[PDB]
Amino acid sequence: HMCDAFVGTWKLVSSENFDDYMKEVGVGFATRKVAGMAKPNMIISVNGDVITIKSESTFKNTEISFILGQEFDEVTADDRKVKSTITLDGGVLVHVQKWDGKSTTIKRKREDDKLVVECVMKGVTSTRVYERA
């Protein structure tokens, strides 16, 4: 019953500061523009101890599967090769990505009927709100 409130299909309904977050991460111009225009659906599922998160859009379809607290290697939608760890901390799914001596964190939280994503690197944050599909 780990992650029950996260499971489902979610659709992006608002975004703030995502372009600047992507700049901070090092995403190039054309990818920022096409990725920023995407309207992804986030599909979260759990089977035993394995959580799967899919992100599907016209820009890219990605999928990660993982066990909480157990590192994995990921190729991100912007083509970084990162070492990722996802944990549940006080009911928040916390995804840390490490690459080239850098780090960024993506948090997912259930707030009312929404799933709120907060992306942070250095002092640059972006908040993206998802609703049930």
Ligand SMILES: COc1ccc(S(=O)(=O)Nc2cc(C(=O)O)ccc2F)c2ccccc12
Contents of the next structure:
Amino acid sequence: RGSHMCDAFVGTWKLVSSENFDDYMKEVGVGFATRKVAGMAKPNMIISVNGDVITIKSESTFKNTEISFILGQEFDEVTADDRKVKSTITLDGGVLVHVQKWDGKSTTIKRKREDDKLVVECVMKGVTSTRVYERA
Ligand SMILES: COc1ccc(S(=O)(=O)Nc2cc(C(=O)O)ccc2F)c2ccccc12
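Any chance you could show the form deposited with this ligand bound after that form solved without this ligand?
To see the whole picture, the full complex is given below, headed by that same chain.
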């Protein structure tokens, strides 16, 4: 197989900034103790592409997680904060758009490349958070 545009995401990334994530987590419904421990974490994110399958791994002192998915195809995800969600990830103009659905709720996480960074923007009921990763 040849190159794909989404190979721009591939690599090893480290969190360098996080803005408003506590208020986002409150809107998502994350409990106090999990918010405090999860907000401290400075994860590494490892993204790989193999054929049609994209794999996103996160490693941190809080939790290790791994999702593998095909664009546009719904999957089951257990999130780092222990929600059991239905997830669908698509590519819209270079941006990975990830919708998580659970318990009648929904949140959207966008991942995009900007300069040498990977920018993660999430939104829940009007509350947004921005988390920025750099190459590790
Ligand atoms: C480290 O505590 C977490 C790790 C991951 C998730 S999430 O469900 O994967 N969504 C997500 C991930 C990122 C990221 O990886 O930076 C940025 C914004 C997000 F909404 C969490 C979701 C809720 C609370 C804590 C989470």
